[PDB]
Amino acid sequence: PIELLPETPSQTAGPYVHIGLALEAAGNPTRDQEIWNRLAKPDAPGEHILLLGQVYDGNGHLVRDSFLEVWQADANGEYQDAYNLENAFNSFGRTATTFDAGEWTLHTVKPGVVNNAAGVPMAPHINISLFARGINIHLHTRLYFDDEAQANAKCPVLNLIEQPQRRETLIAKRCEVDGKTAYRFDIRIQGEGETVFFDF
Amino acid sequence: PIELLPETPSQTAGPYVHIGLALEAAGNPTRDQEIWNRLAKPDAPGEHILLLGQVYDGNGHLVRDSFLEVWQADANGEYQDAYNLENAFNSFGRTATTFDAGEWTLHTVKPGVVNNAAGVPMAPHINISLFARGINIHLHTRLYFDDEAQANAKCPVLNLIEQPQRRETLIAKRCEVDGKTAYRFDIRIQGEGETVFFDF
Amino acid sequence: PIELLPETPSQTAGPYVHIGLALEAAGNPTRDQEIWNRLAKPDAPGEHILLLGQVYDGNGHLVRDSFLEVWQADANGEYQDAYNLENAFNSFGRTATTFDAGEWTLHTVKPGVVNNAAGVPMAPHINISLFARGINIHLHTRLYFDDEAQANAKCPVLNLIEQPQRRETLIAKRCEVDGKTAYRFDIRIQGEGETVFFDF
Amino acid sequence: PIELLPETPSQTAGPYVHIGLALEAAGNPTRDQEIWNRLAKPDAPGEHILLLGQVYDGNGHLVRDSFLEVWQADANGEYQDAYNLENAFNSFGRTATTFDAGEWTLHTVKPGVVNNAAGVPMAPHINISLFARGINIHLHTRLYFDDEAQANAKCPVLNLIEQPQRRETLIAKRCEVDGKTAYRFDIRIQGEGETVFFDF
Amino acid sequence: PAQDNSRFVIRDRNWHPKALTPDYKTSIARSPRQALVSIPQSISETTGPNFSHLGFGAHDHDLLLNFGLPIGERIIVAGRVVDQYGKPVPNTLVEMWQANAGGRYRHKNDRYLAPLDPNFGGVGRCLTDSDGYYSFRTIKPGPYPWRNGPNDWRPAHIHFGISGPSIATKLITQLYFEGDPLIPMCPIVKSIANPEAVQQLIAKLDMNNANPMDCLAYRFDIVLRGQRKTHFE
Amino acid sequence: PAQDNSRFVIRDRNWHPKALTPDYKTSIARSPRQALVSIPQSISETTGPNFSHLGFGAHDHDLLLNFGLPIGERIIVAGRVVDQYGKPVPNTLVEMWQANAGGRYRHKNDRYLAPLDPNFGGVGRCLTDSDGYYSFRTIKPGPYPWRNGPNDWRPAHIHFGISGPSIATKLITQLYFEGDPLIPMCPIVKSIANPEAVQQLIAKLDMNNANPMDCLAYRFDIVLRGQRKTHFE
Amino acid sequence: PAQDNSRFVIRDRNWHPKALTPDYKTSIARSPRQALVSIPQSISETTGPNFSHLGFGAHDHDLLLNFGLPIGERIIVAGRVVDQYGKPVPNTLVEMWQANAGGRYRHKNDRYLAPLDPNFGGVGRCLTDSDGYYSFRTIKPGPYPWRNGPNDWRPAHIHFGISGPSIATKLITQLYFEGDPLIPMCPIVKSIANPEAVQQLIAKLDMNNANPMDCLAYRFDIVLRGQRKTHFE
Ligand SMILES: [Fe+3]
Ligand SMILES: [Fe+3]
Ligand SMILES: [Fe+3]
Ligand SMILES: [Fe+3]
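Chains as they are written, first to last, in the authors' numbering: chain A, 1 to 200; chain B, 1 to 200; chain E, 1 to 200; chain D, 1 to 200; chain M, 301 to 367, 371 to 536; chain Q, 301 to 367, 371 to 536; chain P, 301 to 367, 371 to 536.
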């Protein structure tokens with residue numbers, strides 16, 4: 001068969017990922033421009049929401065050194081790839097869990113609907129990549145919203161998960177923080193209630 | 001790099017371990033001198049205690065053919081390496097679980113404090129080596145005492161265990177057996193509440 | 001380590017080099033345009049000088065079949081790379097030694113000062129490449145002028161030669177031919193007073 | 001044939017030899033005890049002499065980074081091996097050439113006569129080992145004295161040197177420094193007047 | 301906004317290290333027990349951020365100047384980022400982090416007794432050029448003991464993050480140094496089952512790129528998932 | 301004027317023939333005994349002449365017409384000039400000279416008994432094109448006896464001189480012809496220690512470039528020192 | 301006083317580097333042109349200093365403490384000194400010197416741009432024990448550029464000096480580190496004609512001697528000339 005050049009093999013990010021990708025968290029001076037957890041500026045169109053969650057290992061213990069990358073559409077269901085700190089909205093962000101509480105946060109807007117390759121609409125979602133010490137190759141997942149039940153029911157992606165009970169591991173639970181609309185999204189790497197991870 | 005001679009590989013003790021290391025239990029005549037479960041003679045200094053426990057496999061079932069070896073300092077936190085049946089105290093002992101109840105017992109004294117290589121005191125502890133059928137290479141653990149919370153909290157060894165919940169697996173629970181001070185130390189080889197095992 | 005393609009290997013120019021690079025010299029018809037020994041036209045700015053010299057082998061015998069190539073800055077310490085016969089000055093020229101006298105001559109202007117990569121000025125100099133029968137790979141040398149002692153003393157290149165006595169081998173001795181300013185630069189390939197040869 | 005373990009291959013001492021074997025020279029703080037160039041204390045028996053010399057390369061240039069080790073008998077023709085700074089005399093010493101003048105000096109006494117393995121007397125001599133940058137394996141020589149011509153003529157070692165003229169290269173020239181008896185011993189590593197070097 | 305025009309060669313999950321690689325102790329509790337769910341590529345996965353407009357500082361990529372001079376072997380780490388088809392990946396984000404010459408990391412959690420270097424931070428970022436090329440100037444990191452087995456030491460390594468054209472191509476890896484004897488003993492390295500895959504993580508000495516009397520150089524090329532145009536979809 | 305913008309890969313002096321190769325007698329007395337002095341590259345060394353505006357004659361590269372027709376095997380000698388990075392070197396000067404079909408040189412000093420060819424000069428020049436290609440049309444030179452050992456013969460060869468982008472790249476060499484049994488016996492050839500290096504001087508028969516019923520062709524590619532841009536200087 | 305009771309196996313001058321090894325430029329002018337004169341061993345050659353009573357400092361052999372902590376890879380360099388017969392050489396003097404983690408030497412003449420380390424000198428000395436064992440605690444030196452060819456770099460190395468029982472056994476050498484890619488490119492290393500001899504200069508990673516979470520270890524055994532009793536003289 002035809003064989004291409006092999007892709008460079010992945011390696012764990014390690015415990016010190018922060019020094020490279022989350023300067024502040026490593027407890028180091030940051031640069032003029034950093035890629036962080038505020039995708040939307042206050043003056044950004046769409047419904048401003050706060051995302052938060054914890055990461056659990058197979059023993060039910062918090063993963064305090066996780067690193068996360070998010071990719072989402074703007075309010076119109078449009079992917080804004082031209083990254084600029086001057087933008088009111090960036091489709092891309094990064095966050096990490098506190099060494100203390102082990103909770104990460106993201107400041108964004110609820111993504112609009114995007115169609116799959118076949119022209120079928122997917123429920124609003126956030127694409128997440130999980131990195132950490134002990135993780136040889138990053139885990140891919142999706143954050144869906146509990147208040148989009150109608151849409152969620154019809155998502156061609158969510159519907160590819162054989163077992164209905166597993167689909168729920170992907171649904172963020174709506175709450176309020178300081179009178180603000182927030183969603184809680186906990187990731188369970190292994191075991192009981194193990195979150196669905198994707199390959200694409 | 002430099003390679004030394006390779007260590008002879010371990011093999012399981014097998015189910016008949018008793019015929020060689022616990023004659024009585026095997027249901028065979030013993031020799032004049034045997035290494036058994038009585039580390040201290042009534043006239044030995046220190047607080048006399050009875051240690052007892054059960055061994056559990058991954059399914060929650062008792063391991064009735066287990067064999068254990070213990071190494072501990074005397075009441076003065078001193079290791080008595082010169083093994084002698086005439087001694088009032090021996091730092092070394094052997095025990096096994098009953099084919100019936102599947103419980104082991106050891107008659108000894110509460111060990112005194114010993115310092116680590118860096119001169120930091122370790123909480124009183126008993127070193128344990130577990131052998132049995134299904135165990136390819138023996139498992140190393142430590143037995144700590146629940147009534148030594150202060151010392152326990154500061155142990156350089158206990159503190160090496162990343163997850164605090166895991167540390168609790170090493171703490172024997174003080175009880176009384178026939179109005180005599182006893183400590184129960186159950187070992188869970190696998191699964192829920194799995195005991196911490198060491199490499200050194 | 002990383003290996004690039006290997007550079008094509010050098011070979012002696014041979015005794016008949018003239019036929020290809022010094023037509024006149026070979027005693028053959030020259031072409032419309034030839035690259036020879038007149039770098040400057042009468043009307044070229046700078047101090048017009050005449051360079052002359054002999055080449056000696058290790059036994060002290062004249063090397064009458066040498067071919068030389070020179071590269072130098074203009075009076076402004078500027079390299080004129082666009083070679084043209086119309087130019088008043090050309091930074092490049094070629095010369096050879098007479099089969100009789102064994103002497104070469106070149107007509108140019110004294111070169112202006114140029115800075116090394118570190119920003120330090122080099123005394124005025126002429127780069128020379130020597131080719132001949134018996135020379136597997138050409139020899140690189142520099143011609144410096146005796147009337148620039150101040151500059152010569154500070155040259156970062158001349159100062160790289162460890163033994164001060166060896167530095168002298170690179171200094172052309174000013175004289176006058178037909179009342180014209182000349183400098184004589186003799187090359188000693190081997191032995192007593194052996195000329196410094198460079199690698200770059 | 002029988003082959004033993006091969007000896008570890010020699011390597012040049014390098015230009016920075018001083019740091020390791022001539023602390024002061026390197027221009028670094030010395031340690032309590034250093035092996036240096038004073039073999040005899042004022043109250044050591046024998047005729048006190050000063051030894052000085054220069055080292056020349058093949059071009060007749062001074063070798064300013066040379067390092068020398070000396071081994072000699074005391075005035076009784078006895079080898080004092082127990083090296084001690086408290087000793088009146090030490091048979092062993094070290095010296096180096098100045099980065100400036102490039103002259104080395106040694107303070108000792110004229111060695112007494114020693115017999116060769118065959119019982120024949122050798123003329124008074126000092127064993128020298130020369131080390132430096134550009135020397136792959138140290139050079140072994142012997143320093144003889146001009147004022148011992150009679151002895152010299154009968155030396156079984158000096159006599160192994162086929163050519164008489166070469167023998168002269170080993171004779172130090174008696175002089176006086178501050179009205180003190182001195183002998184000059186110049187080493188010519190290569191060329192005209194090339195010093196005799198031994199193998200043993 | 302981003303457009304769903306490309307498809308990415310599927311990842312070989314046997315080439316890459318598996319999730320569960322027991323010798324690397326941390327992997328045990330941090331690896332999923334359920335099989336990954338495969339999904340068709342959509343605009344969601346085939347797009348990603350373009351960092352062309354990120355405002356990079358002048359010494360972003362120069363670890364010698366971006367934090371006196373650091374102590375250690377001065378080196379240039381350079382290479383090219385290409386896809387499996389051998390196509391250069393222009394204007395892509397390359398991030399790296401590492402320990403100092405002694406193996407000490409400038410991070411709160413690093414308790415190794417090797418001291419910090421007052422002139423060394425250990426972070427760099429570079430946007431590949433039109434040809435997929437990047438370069439950093441740093442000091443060669445030292446091996447680092449870590450609490451895995453009782454005497455485990457990571458080989459000297461630099462951590463790398465490469466964005467590529469989409470989140471499907473995004474990759475985090477580690478560069479190792481040619482000849483390092485620690486390489487074959489490392490349980491993280493050995494997370495990779497194929498010896499040939501291991502070779503891909505080894506930077507080669509590059510005498511051609513070195514600055515004589517200044518610094519040496521290492522060559523590290525990176526290969527991202529091959530990008531192709533959709534067809535007959 | 302020229303500018304210092306490039307650096308050239310250091311020459312491998314163990315690849316090129318050394319100065320002293322006693323079998324080639326003339327080299328004994330014409331080789332230095334002191335080591336070469338290494339100097340950092342400057343504008344003096346990294347620049348050189350550009351012959352782009354040299355006024356070349358119409359048959360400068362055609363030895364069949366640049367001097371009736373010469374007697375001998377009609378051949379085309381063509382190839383490309385690239386640098387060690389594999390980059391073409393355009394608008395560069397290639398010069399060549401050789402003996403006639405009988406091994407006679409059109410030079411005063413040539414006393415060999417083989418006759419001169421009234422229609423043969425033996426000199427050619429060609430500026431490479433935008434792709435680094437050059438080509439010459441000539442006749443295959445004959446072997447030449449020379450005063451070295453008592454029965455020494457140079458294999459048939461063409462002398463070449465290539466300018467390149469700087470004086471640092473300039474090189475003189477000789478081309479040899481595939482299969483010539485005299486190659487392995489030549490002391491000048493043998494000045495090159497590595498057999499692999501020798502191979503690089505061998506022109507290969509190129510039937511694809513030959514003109515049927517007219518002339519044969521040989522391929523001879525030249526590799527000059529790799530040229531790179533300065534960095535962190 | 302010392303006594304002539306031993307003979308030393310003759311040195312193999314084909315095993316050791318020759319005097320004239322031209323690629324190592326300095327060796328050209330500093331190598332004899334006349335043959336060494338062979339002489340029988342006598343008391344002069346068969347004896348040497350015994351350093352048993354030299355007053356050694358407490359940290360003479362600990363480069364971490366003998367000069371804050373130095374920056375660099377903490378290592379133990381240990382081994383044994385034996386003779387060709389495999390006999391241990393007890394109470395012998397082992398001296399060493401080297402550059403810092405960056406390739407910078409603490410000597411007036413070193414102008415390399417890598418900085419000095421305020422906590423590092425780079426000299427140690429150690430008397431072998433009853434079994435011929437020695438050990439030093441130091442930091443791994445960095446490669447060093449030097450004025451040989453235009454881009455020559457010494458491999459990381461430590462200088463060693465060993466006394467042995469006599470002046471006939473005294474030796475100066477250099478230890479290289481296992482896997483260092485620079486080794487085969489070094490003209491000094493290459494002064495040694497036999498590849499097998501080069502191997503003897505390579506210290507091996509010795510994990511068995513390393514201090515977990517502290518420092519790595521290298522093993523370097525030294526073989527001095529075999530010593531035998533005289534017989535039938
Ligand atoms: Fe790391
Ligand atoms: Fe059995
Ligand atoms: Fe020829
Ligand atoms: Fe050195």
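Hints are not guaranteed to be accurate.
[What the hints assert, rightly or not] No farther apart than 30 angstroms at their CA atoms in a straight line, the calculated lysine-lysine pairs in the DSSO-like style are these: (1) Q:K411 - Q:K493; (2) B:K41 - B:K173; (3) M:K390 - M:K318; (4) A:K180 - A:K154; (5) E:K154 - Q:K532; (6) P:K507 - P:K390; (7) D:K41 - D:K180; (8) P:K493 - Q:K493; (9) M:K507 - A:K154; (10) Q:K493 - Q:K325; (11) P:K411 - P:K532; (12) D:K154 - D:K110; (13) M:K493 - P:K507; (14) P:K411 - M:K507; (15) Q:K325 - Q:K411; (16) Q:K390 - M:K390; (17) P:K318 - P:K390; (18) P:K390 - Q:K493; (19) M:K532 - M:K411; (20) M:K507 - Q:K443; (21) B:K154 - M:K411; (22) Q:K318 - Q:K390; (23) Q:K493 - Q:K443; (24) P:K507 - M:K325; (25) B:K110 - B:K41; (26) D:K154 - P:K507; (27) P:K411 - E:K154; (28) M:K507 - Q:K411; (29) Q:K318 - P:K390; (30) E:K180 - E:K41; (31) P:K318 - Q:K318; (32) M:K493 - M:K411; (33) M:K390 - Q:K532; (34) M:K390 - B:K154; (35) P:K318 - Q:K325; (36) Q:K325 - P:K493; (37) M:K507 - P:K507; (38) Q:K390 - M:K507.
Derived from the structure by calculation, the hints contain no laboratory data.
How the hints compare with the structure:
no. : hint            : in the structure
1   : Q:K411 - Q:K493 : 28 angstroms, holds
2   : B:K41 - B:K173  : 23 angstroms, holds
3   : M:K390 - M:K318 : 27 angstroms, holds
4   : A:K180 - A:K154 : 28 angstroms, holds
5   : E:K154 - Q:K532 : 28 angstroms, holds
6   : P:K507 - P:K390 : 21 angstroms, holds
7   : D:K41 - D:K180  : 15 angstroms, holds
8   : P:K493 - Q:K493 : 22 angstroms, holds
9   : M:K507 - A:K154 : 51 angstroms, violated
10  : Q:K493 - Q:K325 : 12 angstroms, holds
11  : P:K411 - P:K532 : 45 angstroms, violated
12  : D:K154 - D:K110 : 18 angstroms, holds
13  : M:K493 - P:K507 : 21 angstroms, holds
14  : P:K411 - M:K507 : 34 angstroms, violated
15  : Q:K325 - Q:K411 : 22 angstroms, holds
16  : Q:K390 - M:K390 : 18 angstroms, holds
17  : P:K318 - P:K390 : 27 angstroms, holds
18  : P:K390 - Q:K493 : 47 angstroms, violated
19  : M:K532 - M:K411 : 45 angstroms, violated
20  : M:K507 - Q:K443 : 44 angstroms, violated
21  : B:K154 - M:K411 : 22 angstroms, holds
22  : Q:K318 - Q:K390 : 27 angstroms, holds
23  : Q:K493 - Q:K443 : 22 angstroms, holds
24  : P:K507 - M:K325 : 27 angstroms, holds
25  : B:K110 - B:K41  : 13 angstroms, holds
26  : D:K154 - P:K507 : 51 angstroms, violated
27  : P:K411 - E:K154 : 22 angstroms, holds
28  : M:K507 - Q:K411 : 54 angstroms, violated
29  : Q:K318 - P:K390 : 44 angstroms, violated
30  : E:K180 - E:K41  : 15 angstroms, holds
31  : P:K318 - Q:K318 : 19 angstroms, holds
32  : M:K493 - M:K411 : 28 angstroms, holds
33  : M:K390 - Q:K532 : 22 angstroms, holds
34  : M:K390 - B:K154 : 58 angstroms, violated
35  : P:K318 - Q:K325 : 25 angstroms, holds
36  : Q:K325 - P:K493 : 27 angstroms, holds
37  : M:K507 - P:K507 : 21 angstroms, holds
38  : Q:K390 - M:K507 : 22 angstroms, holds
Of the hints listed earlier, those the structure fails to meet are numbers 9, 11, 14, 18, 19, 20, 26, 28, 29 and 34, in rising order.
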